Amino acid sequence: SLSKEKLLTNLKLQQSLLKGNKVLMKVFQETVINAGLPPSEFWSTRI
Amino acid sequence: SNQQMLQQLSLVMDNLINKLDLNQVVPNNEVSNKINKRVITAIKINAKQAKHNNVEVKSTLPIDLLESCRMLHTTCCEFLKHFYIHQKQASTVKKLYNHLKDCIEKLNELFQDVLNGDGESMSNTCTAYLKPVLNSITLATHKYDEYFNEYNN
Amino acid sequence: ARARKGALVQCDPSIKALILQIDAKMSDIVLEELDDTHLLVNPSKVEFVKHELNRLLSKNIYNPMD
Amino acid sequence: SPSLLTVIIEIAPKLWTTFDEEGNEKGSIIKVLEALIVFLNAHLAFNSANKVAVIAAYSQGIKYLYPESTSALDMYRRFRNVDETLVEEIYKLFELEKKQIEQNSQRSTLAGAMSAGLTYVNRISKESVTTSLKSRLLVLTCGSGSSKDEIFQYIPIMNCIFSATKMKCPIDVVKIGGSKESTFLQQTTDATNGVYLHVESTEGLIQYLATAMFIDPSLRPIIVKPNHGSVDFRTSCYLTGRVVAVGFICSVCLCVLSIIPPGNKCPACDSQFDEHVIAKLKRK
Amino acid sequence: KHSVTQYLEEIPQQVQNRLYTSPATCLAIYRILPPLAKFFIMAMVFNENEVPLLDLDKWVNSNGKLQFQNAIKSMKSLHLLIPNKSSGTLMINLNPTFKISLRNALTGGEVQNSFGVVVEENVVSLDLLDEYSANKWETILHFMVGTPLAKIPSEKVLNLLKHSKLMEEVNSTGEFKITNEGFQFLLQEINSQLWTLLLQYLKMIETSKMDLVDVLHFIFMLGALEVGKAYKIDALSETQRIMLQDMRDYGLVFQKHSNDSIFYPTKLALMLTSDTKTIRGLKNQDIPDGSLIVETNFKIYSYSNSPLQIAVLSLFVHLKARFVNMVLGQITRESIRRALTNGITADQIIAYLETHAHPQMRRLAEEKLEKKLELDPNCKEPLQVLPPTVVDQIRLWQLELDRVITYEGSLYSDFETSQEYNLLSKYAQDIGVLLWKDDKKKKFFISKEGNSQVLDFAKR
Amino acid sequence: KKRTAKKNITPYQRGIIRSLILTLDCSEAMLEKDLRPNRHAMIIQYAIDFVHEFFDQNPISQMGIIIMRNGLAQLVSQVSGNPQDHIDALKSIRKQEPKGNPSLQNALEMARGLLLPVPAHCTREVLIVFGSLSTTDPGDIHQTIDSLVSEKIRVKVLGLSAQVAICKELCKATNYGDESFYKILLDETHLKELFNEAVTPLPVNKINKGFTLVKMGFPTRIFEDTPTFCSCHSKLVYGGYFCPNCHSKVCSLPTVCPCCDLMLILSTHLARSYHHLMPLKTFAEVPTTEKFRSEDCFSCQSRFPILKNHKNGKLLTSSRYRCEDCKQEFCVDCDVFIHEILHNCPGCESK
Ligand SMILES: [Zn+2]
Ligand SMILES: [Zn+2]
Ligand SMILES: [Zn+2]
Ligand SMILES: [Zn+2]
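Residue numbers (this note's numbering), protein chains in the order written: chain A, 1 to 47; chain B, 1001 to 1153; chain C, 2001 to 2066; chain D, 3001 to 3284; chain E, 4001 to 4460; chain F, 5001 to 5351.
Bound conformation, chain A alone:
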């Protein structure tokens, strides 16, 4: 039911979690919107 690649590709789930925490969405965007990290590995930490 839960797999590393599954959570990796669960884009809608990931964006929902982005909505989950202001701190989360903030750090994510500044790791992304700042021309930083592809979301894939960013979640690969946060699985």
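These are calculated hints, taken from the structure and not from any lab test. Treat the hints with care, since some could be wrong.
What the hints assert, rightly or not - With a Cα cut of at most 27 Å, we get these calculated DSS-like pairs of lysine-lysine:
#1 C:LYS2005 to E:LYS4076
#2 B:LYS1058 to A:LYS26
#3 B:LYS1037 to B:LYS1088
#4 F:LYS5351 to A:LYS22
#5 E:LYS4368 to F:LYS5291
#6 B:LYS1037 to B:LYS1051
#7 D:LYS3051 to E:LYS4368
#8 E:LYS4459 to B:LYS1051
#9 D:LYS3225 to B:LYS1034
#10 E:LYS4229 to E:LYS4267
#11 D:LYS3175 to F:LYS5351
#12 D:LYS3063 to B:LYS1019
#13 A:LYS6 to F:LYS5033
#14 D:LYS3265 to F:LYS5314
#15 D:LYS3051 to D:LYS3225
#16 D:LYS3134 to E:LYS4065
#17 F:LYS5291 to F:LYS5314
#18 B:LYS1034 to E:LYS4085
#19 E:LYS4371 to D:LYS3166
#20 E:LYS4076 to E:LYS4038
#21 E:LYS4099 to E:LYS4065
#22 E:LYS4320 to E:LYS4065
#23 F:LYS5235 to B:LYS1106
#24 B:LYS1019 to D:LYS3098
#25 E:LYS4441 to C:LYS2016
#26 B:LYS1044 to E:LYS4085
#27 E:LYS4372 to F:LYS5351
Position chains B, C, D, E and F with the ligands against the provided structure of chain A, taking the given hints into account.
Just chains B, C, D, E and F with the ligands now, with coordinates in the frame of chain A:
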């Protein structure tokens, strides 16, 4: 000396005790006022040093900005120190390293701008707040450079 | 070091006025009247102030307790 | 707030001779004994008549001194009784000395001393439920040579530490001897919120004592007087003997081993390891 | 409480040193000082050299400086020390007589006074004459309070009570009733009572043949420890011997019969300083005999009893019919209004109940206690450890009879700018010391803690 | 008349590392009136006590808390190694009141999901404080139990005043068959000791499993005070520790380094472990008339030995409960204290 002289000295002391003595008046008190003073010196020195342990930044907006920078660099280094340990995704490590070097230069420019604008005391406080993370990322960069040289040479 | 000692009294302004009346009746022992809610007095005569206050309240109210 | 200061003075006639050997023989333990008596009296006076206790550690066992187990069956004069009784007992103990006493030099019963003293503290606290006793013990050791660091007592010392912390009993230690920081004792005082004092030999401690060994009863707003840093870079490798920093600790054995794994059967518990796990470790 | 320590510092410095000549007196007064001063004195006693004050400041840290001032002010007031503006600095050192006497006492000094005791066949039994001393104390307590029959023959004691105005009783008519002094006597349980009596004997016995140094020597030698042998025979001044006989009459000396022997060390002198257990024809067993009654229903339930104790209880509650274990009594606003007629404040009685009548309220105070102090931060509601309901009812009766509000402190000024006044007010609100303030007048009447901390910050 | 354990017969192995996931029970059943406030309040209080105790004795493990309300398992504390978080979580819960029916199945599945990250050398566990007499499952249960035992996840449950067949099956199933772990209570004190015995690691007779060396390093305290700076919570903290390898500050803990992710400990945790591994032989109670030993204590000095011929009093017993290997006496208080708090046997230390 052991055994013989051991028992000898032991008996000597035993006697001395039994030899009335134990003049608690003669119990040092402090004897040499100088020795006393020296002891006090040692102790006040240690009290001072351990007291130095007082168990508040200026620019709240720059403080928060620096905090964001720290969080950013922290997670970036997090990903490297994951990858640089673990291992065949070498190109991913390369991208991470290039990004980390970019981040290091970015923070260097950040410090430059802080020194320019906030002056020195505020810049000093910022440098103090960022010293540990800065050292860690610099060490990570150096370690990667060493490993890359080792692999190449 | 400035510290002006005395019997500080604080109450409602009406009781303050009554206390000032009584105190004037007993030769004005109140050292100072800090404001409408505070009074500075000498503690020497505050006890007889309370005594005469009790006397006059007993005279007036008399506690019918009906 | 009464306090139960339970000194623990160890007296090795071997170490006593070492003290005579150290520097000159310009005075035996007699200095220490007298200073201890005076300090004990001082504490006995300071508070509202709070008891004390003293234990020793001679070459072939330990034995109480002050509380004076049933034997028959000046100045406030209770000072008098305490001190004269202690000295009578200690002279009796010194009679307990001979070659057979010289024989069992293998061990050093300090750990037994600390453990028993802690048991005593528990006894007294438990019996005296009313007026809870903010107790705390002490340690006096004549630092001798011939053993840079005896370790066969390492564990019981730490068990003493944990008992102390649970019982909330600071334990202060005074080592008199060579410039060898008694590492286990150092960690003991530091962890259990104590104070360490590595005096030189012949000075009349009484000042050192009454200064830095009298602030632990029930105060603790006051900066302790401990020496330089108390690094917790703990035990050297069981196999090697060199102090470890990035340890390598096996398993259910728990022994700390160096960067040199023997490859199998960690040399304190017979437990062969997964050679796959060995290679995983070797992947560096 | 007259706080005999205050009387101690009252006496001039030279006679203070006169007293300090007696090492045992030095020790006994060492017992009394606040712990901070105790520790500082014990530090200074040995290093034979004055010490700058800066060290004694830096010895203490934050949130505990209040005691520093307490100690220094006390010690200076009784002048045990000598502050020394030697180089414009502060070269503290004790009254050297004090230092030497104390040091002698710690290591076998020449205090023949403190060593006045004699060791011999102490045939005194624990109950032996201890019951007699307790009976004498009870008899004098009853006679002063006024019992149905007052066998108190202490003609000197009666004169002390009357001239001292011990109790609001008509001694001219022979009355021994409770006045404000009588109320306090009803209040101070043991140490308070003994202390008030000793002070009264001091004030009355102050005219001729005093030898105050010998007086305090005898008093403290009594309180120190059991002198026993040769005390009354040998270890006493002439006027010292007279004072000893008088005290033995007053109970405070348990001297044996035969009118000539060693000192009879009754437990009472121990009780003078101990601040400890209070329990004293040939029968009397009670660690909790006193069976008082005090719950949330404001009633008097008594099983355990003591006739003088229950009479004390009746001093603020009605009596109708004495029962076997009980006495007919119910505590109401009228019951305490009885003592309010004597003007007795509902203050001493608070701690009295918290302490006395507990021999029957042990379990009551335990269930109210519940150890609800460590549990207080977690469970924010107290388990009626000290009953607040009863306190509120008592305050209500007190308020019903009073109607006046007063505040302690001193008026303050020289708040030149609004900034200093506002910052001090904010700091006081942080520390909760400002009773009231106003920037318009730049004045207020509160405790000196804010000024003390600001002055210390400014100067050092 | 004695109540003693005869002998310990697994003094060779325990699970020293742990990851225990306590799951409470907050459901309508827990609101009956059998325990003084209720079931629920007393339960949570003892749960707090157990949290403190367990994180003391096993100071290297983690823990997570799970409730069962309205047939749902709502995680109330992530699996974490800091006792204070869990303590606070329980504080919060205790002011909230139960509802719905206990969905044992959901809680089980949530746990099994939760303990996946726990590595092989670490050991898993669950502790169901089951209070009700029913469940309400949205799926097959034996499916879950089979998945569990497939994932090597021992489970111990503490039922309230009854025995439920499925729970008995559950405990018997995961714990390698050997049924001893479904202990249910009959008194509050029994409950206290229940949690207490839940604190210790858990042996039965371990199958020969993989035993693995684990990398970890110890920190060194820091010195400066004003330089307050933290790398595990990103605050200013007046001084902490240094990872020997990651080399970044970490607020006080036995936690895992938040930079290079290796376990951090001092040693005293390892000392606690040592205490649990190899305990003492249970002290023997000396024969009443056959002792003829010293009339005192040994570790302490108590005067509670005998009375010497007193009809029934001396006929009772001789308080001389004496340990074996050192063969020295010890009064009852001393023996209780040794075997409870400090495990260095006094005499057996000295020889
Ligand atoms: Zn942190
Ligand atoms: Zn690290
Ligand atoms: Zn014992
Ligand atoms: Zn043993």
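Cross-check of the supplied hints:
no., hint, result
1, C:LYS2005 to E:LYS4076, "22 Å, holds"
2, B:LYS1058 to A:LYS26, "24 Å, holds"
3, B:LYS1037 to B:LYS1088, "66 Å, violated"
4, F:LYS5351 to A:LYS22, "65 Å, violated"
5, E:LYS4368 to F:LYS5291, "48 Å, violated"
6, B:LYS1037 to B:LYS1051, "20 Å, holds"
7, D:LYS3051 to E:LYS4368, "31 Å, violated"
8, E:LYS4459 to B:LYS1051, "21 Å, holds"
9, D:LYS3225 to B:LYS1034, "20 Å, holds"
10, E:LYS4229 to E:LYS4267, "16 Å, holds"
11, D:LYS3175 to F:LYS5351, "23 Å, holds"
12, D:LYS3063 to B:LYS1019, "23 Å, holds"
13, A:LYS6 to F:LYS5033, "47 Å, violated"
14, D:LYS3265 to F:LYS5314, "54 Å, violated"
15, D:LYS3051 to D:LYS3225, "25 Å, holds"
16, D:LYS3134 to E:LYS4065, "24 Å, holds"
17, F:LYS5291 to F:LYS5314, "13 Å, holds"
18, B:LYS1034 to E:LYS4085, "24 Å, holds"
19, E:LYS4371 to D:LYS3166, "20 Å, holds"
20, E:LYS4076 to E:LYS4038, "14 Å, holds"
21, E:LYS4099 to E:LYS4065, "25 Å, holds"
22, E:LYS4320 to E:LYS4065, "54 Å, violated"
23, F:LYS5235 to B:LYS1106, "22 Å, holds"
24, B:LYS1019 to D:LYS3098, "20 Å, holds"
25, E:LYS4441 to C:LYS2016, "19 Å, holds"
26, B:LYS1044 to E:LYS4085, "23 Å, holds"
27, E:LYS4372 to F:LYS5351, "47 Å, violated"
Figure legend: structure checked against the earlier numbered hints; hints not met, in rising order: 3, 4, 5, 7, 13, 14, 22 and 27.
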